[PDB]
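Undergrad: One-letter residues, chain by chain:
Protein chains: 2
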Amino acid sequence: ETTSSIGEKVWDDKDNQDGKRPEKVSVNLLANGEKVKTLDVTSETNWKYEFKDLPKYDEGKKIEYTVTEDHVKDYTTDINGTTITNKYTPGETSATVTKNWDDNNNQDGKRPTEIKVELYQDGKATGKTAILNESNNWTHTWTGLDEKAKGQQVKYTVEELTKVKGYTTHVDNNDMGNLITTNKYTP
Amino acid sequence: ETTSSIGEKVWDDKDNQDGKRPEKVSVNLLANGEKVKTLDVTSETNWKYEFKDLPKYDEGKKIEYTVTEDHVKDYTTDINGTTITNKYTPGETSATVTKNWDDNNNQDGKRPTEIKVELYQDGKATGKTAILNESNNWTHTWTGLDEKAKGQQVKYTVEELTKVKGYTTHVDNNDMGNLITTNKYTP
Numbered sequence: 533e534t535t536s537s538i539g540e541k542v543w544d545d546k547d548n549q550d551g552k553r554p555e556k557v558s559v560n561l562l563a564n565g566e567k568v569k570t571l572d573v574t575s576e577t578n579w580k581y582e583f584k585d586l587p588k589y590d591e592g593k594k595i596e597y598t599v600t601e602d603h604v605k606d607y608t609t610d611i612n613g614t615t616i617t618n619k620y621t622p623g624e625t626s627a628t629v630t631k632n633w634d635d636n637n638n639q640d641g642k643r644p645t646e647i648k649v650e651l652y653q654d655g656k657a658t659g660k661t662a663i664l665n666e667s668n669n670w671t672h673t674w675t676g677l678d679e680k681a682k683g684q685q686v687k688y689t690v691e692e693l694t695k696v697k698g699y700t701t702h703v704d705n706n707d708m709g710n711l712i713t714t715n716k717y718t719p
Numbered sequence: 533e534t535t536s537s538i539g540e541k542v543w544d545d546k547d548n549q550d551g552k553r554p555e556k557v558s559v560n561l562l563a564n565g566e567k568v569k570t571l572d573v574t575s576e577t578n579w580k581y582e583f584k585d586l587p588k589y590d591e592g593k594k595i596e597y598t599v600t601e602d603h604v605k606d607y608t609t610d611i612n613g614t615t616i617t618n619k620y621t622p623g624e625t626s627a628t629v630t631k632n633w634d635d636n637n638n639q640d641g642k643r644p645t646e647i648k649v650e651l652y653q654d655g656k657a658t659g660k661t662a663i664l665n666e667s668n669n670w671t672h673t674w675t676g677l678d679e680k681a682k683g684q685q686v687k688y689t690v691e692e693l694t695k696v697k698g699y700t701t702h703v704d705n706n707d708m709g710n711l712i713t714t715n716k717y718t719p
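One line per chain: the protein sequences are A and B, in this order.
Residues 533 to 719 in full-length UniProt numbering are what the first sequence spells out, letter by letter.
Residues 533 to 719 in full-length UniProt numbering are what the second sequence spells out, letter by letter.
A portion of the hints provided could be inaccurate.
Same chains, same names: a pair is fine if it fits in one copy or spans any two.
Unchecked claim - BS3-like, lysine-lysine: derived pairs with alpha carbons at most 27 Å apart: (1) 656 to 605; (2) 656 to 682; (3) 556 to 660; (4) 569 to 594; (5) 687 to 605; (6) 660 to 605; (7) 546 to 642; (8) 594 to 619; (9) 716 to 680; (10) 594 to 546; (11) 660 to 546; (12) 695 to 682.
I should point out that these hints are in silico values taken from the structure, not numbers from a laboratory.
Go ahead and model the full structure; you've got the sequences and the hints to work with.
TA: What follows is the structure, encoded as structure tokens:
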């Protein structure tokens, strides 16, 4: 019926010795790969957060909840089921990608068991690939990405490599911390 | 009265399966952050070297000897004591910087205790800073650095961000594998 997703953010930055830690981060809640809510997490909340009263099932099926964090400058993000860790990595950062299936559940069970996506840097393929499926809640996070390239901020985006007959593909690349790929079923 | 440094060159490239291993490597001997001797190491010596007959003390202190390696295309260098490990990484390498204090073993007690340096890509700030101090031996190695940009080799340099009162700074940026920042005490 109803559940809740509680968690916290932990900073791994040598007790902010460099003084680069921000006053807040924004956590996104995803229901089956779709961003439905956001919350700003701060010290005032003690770096804790919780999404109250949420349905457990979506028309019988069990909704799969996950969380992502909007990109934080100079921090590499590691998400461990609700516990979000930000490691200070000056000049470097991470990127997270989730797959969103828009096909009214698998009605017309034509949904592939897995898909392959690739990370792109300023339009160039990086070679960094990921295979999204149920074993990883259709999510994956890459680390070790440069934030700059000869003084200019590098833009990261993802593209689906798998050709899914029947599905149209659209990608939201507005935040490297919450890159979302949605496949829409259109016979 | 006399001392000597020995060590070995270790290759991590599936026994040169891609045939990119160079015929030799230049190992540098640093006496308290100052380059005092070089040595071309080959398989003729079994990738082992030795800087025999070295003064054990100099102007009041037991000299802190360290080794660095001249940049080798497509390999990422890792120094652990006198053991230099080179890993095969197509398209990227590492950069090593060492702080050289020239203040008569800090006789006047004006030495900082800590300084911050930053890696530059073709004269542009990368954001990748590092803090040098007595704990890490005033040395640091960055990895995952692209050797090329737009088809052209990239020039890597280091800049000292920390302003050191009473000191004048000079940087030797000739080889990214042996970047050396020198601070001379000029009251």
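Undergrad: Could you tell me which of the numbered hints above are not met by this structure, giving the numbers in increasing order?
TA: Numbers 8, 9 and 10, in rising order.
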